[PDB]
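2 protein chains.
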Amino acid sequence: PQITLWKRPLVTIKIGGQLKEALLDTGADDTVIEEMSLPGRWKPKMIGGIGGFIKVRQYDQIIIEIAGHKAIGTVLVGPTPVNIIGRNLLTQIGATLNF
Amino acid sequence: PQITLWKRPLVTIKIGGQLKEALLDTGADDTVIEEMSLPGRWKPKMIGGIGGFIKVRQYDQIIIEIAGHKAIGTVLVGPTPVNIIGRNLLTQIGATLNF
Ligand SMILES: CC(C)CN(C[C@@H](O)[C@H](Cc1ccccc1)NC(=O)O[C@H]1CO[C@H]2OCC[C@H]21)S(=O)(=O)c1ccc2c(c1)OCO2
Ligand SMILES: [Cl-]
Ligand SMILES: [Cl-]
Ligand code: NA
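Chains A and B are the protein sequences, given in the same order. Per full-length UniProt numbering, residue 501 is the first one in the first sequence, and the count goes up by one each step. Per full-length UniProt numbering, residue 501 is the first one in the second sequence, and the count goes up by one each step.
Calculated directly from the structure, the hints in this document are not laboratory data.
Given that identical chains are not distinguished, each listed pair holds provided it fits within a single copy or across any two copies.
Computed cross-link-like contacts, DSS-like style, restricted to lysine-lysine with a CA-CA straight-line distance of at most 30 Å:
1) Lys507 x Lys543
2) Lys507 x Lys555
3) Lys570 x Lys520
4) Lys507 x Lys570
5) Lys520 x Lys507
Please construct the entire structure, taking both the sequences and the accompanying hints into account.
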């Protein structure tokens with residue numbers, strides 16, 4: 501699709517069999533999701549946003565559907581205010597910015 | 501242009517007679533620029549992101565040139581770690597997300 505930006509570019513994602521809402525976010529290097537259970541081991545990561553840095557749990561090679569497109573990649577889990585799909589998965593679904 | 505998302509979608513902007521680098525950010529409702537002077541009236545605002553909130557100055561009806569495209573809108577000025585072009589101005593240059 502071609503998504504305009506008059507409203508938040510919210511899509512449905514599927515992770516762990518559950519549907520969630522998430523923001524397509526070209527200003528996010530990484531994908532960050534609210535607290536949830538994911539399988540496997542995790543590694544520590546600190547990410548820096550507008551208000552400062554937070555600690556998150558990094559899960560690699562997680563299967564996630566984004567707006568009907570399949571991706572498998574790194575998902576960070578932590579106290580983000582909204583679920584954000586960052587460039588690491590936007591590139592896997594073939595997203596570009598166009599003007 | 502068509503901008504891929506392998507790297508940060510940074511562009512050059514002109515604001516307040518100054519050239520700056522800024523992030524084209526579909527996850528940002530608002531445009532947020534590092535501390536600078538702008539003419540006219542402003543009012544305080546709090547905006548929140550990962551890490552929490554920062555206090556900003558809200559300037560309305562500011563003209564910005566974004567990758568050579570002129571837009572006018574509200575610009576928030578404050579201690580953002582990155583200059584961000586948010587949806588309020590991305591719409592005006594006709595930016596879309598495509599996949
Ligand atoms: C988190 C989302 C919902 C909002 N943010 C825009 C993001 O694109 C933000 C923009 C951002 C970019 C860099 C530094 C700080 C903020 N990115 C971000 O936090 O990404 C984090 C996850 O991946 C990492 O790579 C980027 C930082 C990490 S934001 O910067 O907090 C923001 C911008 C304008 C706003 C606003 C919040 O509220 C109202 O207007
Ligand atoms: Cl830790
Ligand atoms: Cl505006
Ligand atoms: Na003004």
